[PDB]
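Just the one chain here, the form solved without the ligand, laid out as structure tokens.
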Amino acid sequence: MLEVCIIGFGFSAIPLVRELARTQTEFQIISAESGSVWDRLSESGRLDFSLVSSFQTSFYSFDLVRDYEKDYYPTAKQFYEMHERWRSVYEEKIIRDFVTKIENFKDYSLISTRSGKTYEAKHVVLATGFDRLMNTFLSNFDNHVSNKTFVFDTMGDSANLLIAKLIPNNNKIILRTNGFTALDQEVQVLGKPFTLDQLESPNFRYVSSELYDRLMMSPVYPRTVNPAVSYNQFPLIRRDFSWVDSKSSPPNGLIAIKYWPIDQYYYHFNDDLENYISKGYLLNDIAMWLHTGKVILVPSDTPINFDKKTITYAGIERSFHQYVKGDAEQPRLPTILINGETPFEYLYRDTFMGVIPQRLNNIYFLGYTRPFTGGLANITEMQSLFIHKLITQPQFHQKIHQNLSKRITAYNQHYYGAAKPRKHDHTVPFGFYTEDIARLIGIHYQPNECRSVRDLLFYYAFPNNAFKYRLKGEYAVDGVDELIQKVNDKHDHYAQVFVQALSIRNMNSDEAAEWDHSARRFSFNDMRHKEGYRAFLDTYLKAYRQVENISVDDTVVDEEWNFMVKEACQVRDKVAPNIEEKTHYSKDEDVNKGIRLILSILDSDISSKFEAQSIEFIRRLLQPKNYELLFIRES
């Protein structure tokens, strides 16, 4: 009987197939001839965009050890070409067919296919991805439409991409909204560029959940009164977060849009704009669009007449060309029968770590957990190690399964509390999830084993990417020592991130929120760095039109739109004048002082005013008081 059958081969399955091949475990892959969304986008010439996630978090460790030389955002073409390279390596292991049904029994499953052939396997892994309505819409979009109005009832990374393609042709965008969370995908730290995933230092949650909450949440929840942040200039961007009940922040179930702020876009791309646009680097700065009025936010109950295609706002009956509403993704699962009889109903909270459904036996799910920030690779690489160990080590399979229902209950109590289930439950902070899996497998690090300040920087501030856990032990990858060294040298050993936590250790949440927004450029949604890029935006629109071979008449003044913008931006016009120029920027000065201190004691042993108080905090990091995670235990 077949030891392992993997159903679906795209991107998520690659690291699991690698480990099964290494241990020479018997496996077979079954994957559809139709392919993936990337295949159909490639065939229609629509891989003309870029990822919302950094290279280090979006490609697997065994590629990074060869190819990493700098932080950057890959293109969609680069991502798909990597899928195809690995498909070519493993194609001899792939049967091209479509699984229609799985009958699950006590220790094996019977797999049915559209061709009529059946397969038996002890262990079955599903890696089939999601269906998304927005995908078809992206695949049929005519990007030459010009001088029209669009109404959106949803906002998300796919809607933000469509908006980026519409803005250059003088199209006007109305968002009927109940709020959204958007975050600059690259920020400045003392002028230097960092991708947002580098700033999260997740293991500081072990110091205390309250400290970590202060470190992370002021850009998401409306905690600062600073008139420069977008959620004070445009209050309709604020979401209702009354559902949150967990003390673990950012909460499981929070989602965010990641976008290019125009200042960092200028820094990277101004010298070769037409080529960068043609490669897929599109300016998608939703904060710049709100600043300029090219997008307006209106209340969710603003009335729409769908027969006449009008929306009524500011006393104006505004005609619109197209209405856009996204849909809920759903996992692409075949029929699955419990004990060969009872249809299985998929529920994220009823699985362990999104991988092990407790209602089935020896069936595992790979690729159905989504990261809050960064790429899917971090998640699926760790899931693959977890699945590989469950399949190949019976003692580990038993250790996890013997108390599986108790582990799931404990996980849900920790991360969701009494909150009712939500459709976005499957989204997790990536550096909590990777560390959780590492502790379950046993490839984690121990804070008490740090000897020097440099060791503490690696433990707490070096990002919890999957490759962090593949230097030593069971799942070691050749070349990770050099990769970690290069990343450390290019980021000053993450001292600047380490010092953030040091700086807010004694603040309450209001003080920490004010401190976060006291920088000359704070990380997220800083509306002081938009007006100065108006001339560049004109240059960008011209470049975009040249690449798409479009001529756009922008001579006609749309006074009606200008009136609607004025109504929509009343709060901005009252709040923005309160922005004050400052002589000193507390956060910039505090971080600069902290970096100098840390780099000066980098190689000091831990056992050997501000400096004294900082050294005391550092010594306490060897014995963090909030390390317990009850769902890791075997009891």
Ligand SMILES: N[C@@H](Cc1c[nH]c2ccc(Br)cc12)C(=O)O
Contents of the next structure:
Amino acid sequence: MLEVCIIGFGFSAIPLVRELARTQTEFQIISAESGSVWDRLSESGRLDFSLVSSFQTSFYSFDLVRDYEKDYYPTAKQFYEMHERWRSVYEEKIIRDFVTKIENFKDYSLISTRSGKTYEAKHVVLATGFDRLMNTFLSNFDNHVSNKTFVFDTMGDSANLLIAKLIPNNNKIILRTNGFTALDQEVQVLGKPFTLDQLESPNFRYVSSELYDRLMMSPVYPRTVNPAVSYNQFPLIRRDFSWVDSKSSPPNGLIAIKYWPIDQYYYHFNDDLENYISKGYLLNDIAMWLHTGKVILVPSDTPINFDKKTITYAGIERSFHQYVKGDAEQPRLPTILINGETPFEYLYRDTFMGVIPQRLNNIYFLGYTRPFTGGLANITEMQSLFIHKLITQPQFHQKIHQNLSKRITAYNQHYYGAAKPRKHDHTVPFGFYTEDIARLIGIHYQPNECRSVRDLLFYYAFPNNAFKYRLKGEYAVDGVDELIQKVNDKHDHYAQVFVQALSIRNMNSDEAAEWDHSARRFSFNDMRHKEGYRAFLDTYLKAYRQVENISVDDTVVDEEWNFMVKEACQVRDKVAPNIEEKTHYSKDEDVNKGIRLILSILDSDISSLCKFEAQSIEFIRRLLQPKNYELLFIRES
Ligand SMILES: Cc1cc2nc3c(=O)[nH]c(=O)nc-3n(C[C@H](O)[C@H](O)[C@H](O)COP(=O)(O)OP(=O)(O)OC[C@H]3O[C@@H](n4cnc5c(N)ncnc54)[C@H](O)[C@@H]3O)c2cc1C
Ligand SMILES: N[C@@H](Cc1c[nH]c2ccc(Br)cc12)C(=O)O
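I would like to compare: after the form solved without the ligand, may I see the structure of the form deposited with the ligand bound?
Following is the full complex, with the preceding chain placed first.
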């Protein structure tokens, strides 16, 4: 009897196969000869973009311990080459066939394949990925189209990538929108660059869900009246968040687009633009597109005549060249039969942690949970440890399964409340999910075991990447000690993030929203740092066209478009003139002050510790006994 069968080998399965090989657990992989989108993109020479996720959250711990030297955003090519490197290590373990059906019984499954062969296995792991409509569109996109108008009914990372490829050829973009959430993928902290995933300090939720909400959600919800933020200059960007019913913020089910702000793009790539573009580093600053009018937002009910290919807005019947509507990703699951008779219906909220479907036995799903920020690696690495322990330790399997339905019910009450199941339920804050798995497995850290301020910085402020939980214990990886030390030294031990939570501890949500936007450059969608980059943008467009070997006529003035832009930016034109220079910027000052205190007490025992220093030490001491630490779905009762 085959112990483990893994169906699908791309990226999500790598960490599980590593752990199964380590324990010499019998396993067999079955993965299709076709491959993944990355294979198709590679064969067509379309790996010409970059990840929207940081290196430290997008590659696995056992690679980072060898290759991590700085924070950066990998290219699609680098990502695919890592997929291939690991495929080559385990190819001998891969049967190249396509699973068509899985018959599930009480203690084993019967696996059917297109070739006609059948397999039996006690444990079956699905890591088959998702089908996505936009994938084929990106695979067939002619990036030389020029001087055309495009209408988008959906916004997302894939749409934003297409928009980044259309903008340089003088194409005009109309977003027919009911809002979207976009976030600078890299931000300045006291002028220093930080990927957004580095500044989430998720474990502060344990201090207070309200405190963590104040600290995180002002860039998403319209909480500040600051005229420099994009959702006040372009109100059509605001989404209807009436569905949210959980007290855990950021809520499960929230999705965001991560993009290069032009000021950080300039900082990294200005000295070698053509090469960086050719490597896949494309400027996709949606806020800059709105600022310059190259993209406009129009109401969702703006009428479209699909026969005549026109859209009517601002009293203008505007011809358009192409309409783009993305679809919903759907899991690539084969037929699964409960008790070998009843077809299984996949529902994220009816699985535990996105991994254990409670209607099946010894079947696990790997790679179907999506991170709100950061790369999938954080999620699939922790899922792989979870699945590995379930497969190889019967006592853990029983501890989790004995009260499975009760665990799922408690999880859904905590993260979704009374909200009805949504399409995006499978999206989770990565620092909540990794910490949830760590506590289930037992490789978590305990806040009450911190002894020094430095220990508290590590517990609360050091990002909950998967490798954080692989320094000690059951799933320890050699070299993680040096990795953690390097990450700490290059991030000032995450004191700046720790200080943020400290600065807003006594504020309400409105006061926190204003404080988060009181910096000279606040983290997300700061419209004060766009106009100064118009000249660089022209330089960038010239470089992009040279790379793609296209000539574009930028002489013809599109008066019609200028008219539509003026209509679409009426609010911006009323709001932006209210921006005022200030003498002091509270967030910049409070952070600078806090960092000086923390580093002055870094190696001090927590028990040994004007007024700000006194009140801050008091808050720090309470961090040893957080009052919101309970997660009911962790218990076995
Ligand atoms: C355009 C795009 C950009 C992305 N950018 C990022 C990013 O910046 N950062 C990030 O972290 N993630 C990103 N992702 C997500 C993630 O990195 C990829 O989706 C990744 O390919 C998912 O890995 P996987 O192993 O789960 O799926 P896949 O890579 O699709 O692997 C699934 C494999 O299983 C095979 N298979 C499927 N069904 C069967 C079957 N029935 N029988 C046998 N074999 C089967 C498939 O052929 C394939 O080889 C992006 C995804 C897309 C589409
Ligand atoms: N106050 C934090 C907010 C923050 C930092 N990183 C984030 C990622 C997603 C979301 Br939503 C919010 C954040 C900051 O601006 O550094």
